[PDB]
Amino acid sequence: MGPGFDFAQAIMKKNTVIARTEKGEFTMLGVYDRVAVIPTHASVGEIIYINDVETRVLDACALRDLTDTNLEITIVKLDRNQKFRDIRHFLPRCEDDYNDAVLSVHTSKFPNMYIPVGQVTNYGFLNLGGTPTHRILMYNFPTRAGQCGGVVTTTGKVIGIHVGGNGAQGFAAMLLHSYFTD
């Protein structure tokens, strides 16, 4: 509808796949080469389904900060025959607050879904399903089951992936450029 949704759509059309684990279907953000991210509560194993194709997992790492606190991001490398467009230059370098973000989801249940969530707060600490979690972004939209893995963007930046909510607010794990250096 506007330049926010334009940027969000460009990311969804080229850098997302549908990931299925034993814990369900997730939006999964491809970042570069065969490297994607997913919420850690997806419980990635040795095998994952990517757009309904059985795919070996070459590596999976549940990220924690240097206080040894959960970040709720799992970096996955996929035994896929195709690379993602490299979008690492759209990742923020520092923890920050944002205006005018969009949360975008693509699953069987919620195809081509875009939500203007508005102002995004650097919330920091959250007890997420009982797990102390750092680097949480918060937005005042009543997000629901089906939206985990959803991509949070502003014009020109990919800032987070949706990991939970409390019925009134939604919570995203930060994406930082430093997670994907090689």
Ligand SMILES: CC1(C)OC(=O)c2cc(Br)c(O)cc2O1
Given for the second form:
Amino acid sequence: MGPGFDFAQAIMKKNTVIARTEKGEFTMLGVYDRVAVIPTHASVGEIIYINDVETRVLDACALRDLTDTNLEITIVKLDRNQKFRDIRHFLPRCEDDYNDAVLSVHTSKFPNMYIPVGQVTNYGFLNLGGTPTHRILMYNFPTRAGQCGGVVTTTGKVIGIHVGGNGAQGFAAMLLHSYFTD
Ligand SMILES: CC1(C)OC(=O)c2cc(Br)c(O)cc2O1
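Can you give me the structure for the form solved in complex with the named molecule, which would complement the form solved without the named molecule we have just seen?
Below, the chain from earlier opens the complete complex, with every other chain and molecule after it.
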């Protein structure tokens, strides 16, 4: 409908796949080469389904900060025959607050879904499902089961992936450029 939705659509149309694990179907953001991200609660194994194709997992790393605190981001390298468009230059370098964000989801349950969530707070610490978690972003939208892995964008920046909610607020794990240096 406007330039926020334009940037979100550009990311969804080229840089997402549908990931299926034993714990469900997730929006999965591809970042560069065969490297993608997914919430750590997806419990990625040795094999994952990518757009309903059986795919070997070459590497999976559940990220923690240097306090050894959960970040809820797993970086996955996929044995796929095709590379993602490199979007690392759209990742923030530092922790920050944002205005006017969009949460975008693409699954069998929620195809082509875009939500204007408004202001995003650098919330920091969250007890997420009983697990102490750092680098959480918060938005005041009643997000629901099925939106985990959804991409959080502003115009020109990919800032997080949706990892939970409490019925009134939604919570995303930050994406930082430093997670994807090589
Ligand atoms: C009520 C409650 C906790 O129920 C869910 O199952 C749920 C899942 C996601 Br994902 C979310 O953003 C928010 C949610 O709200």
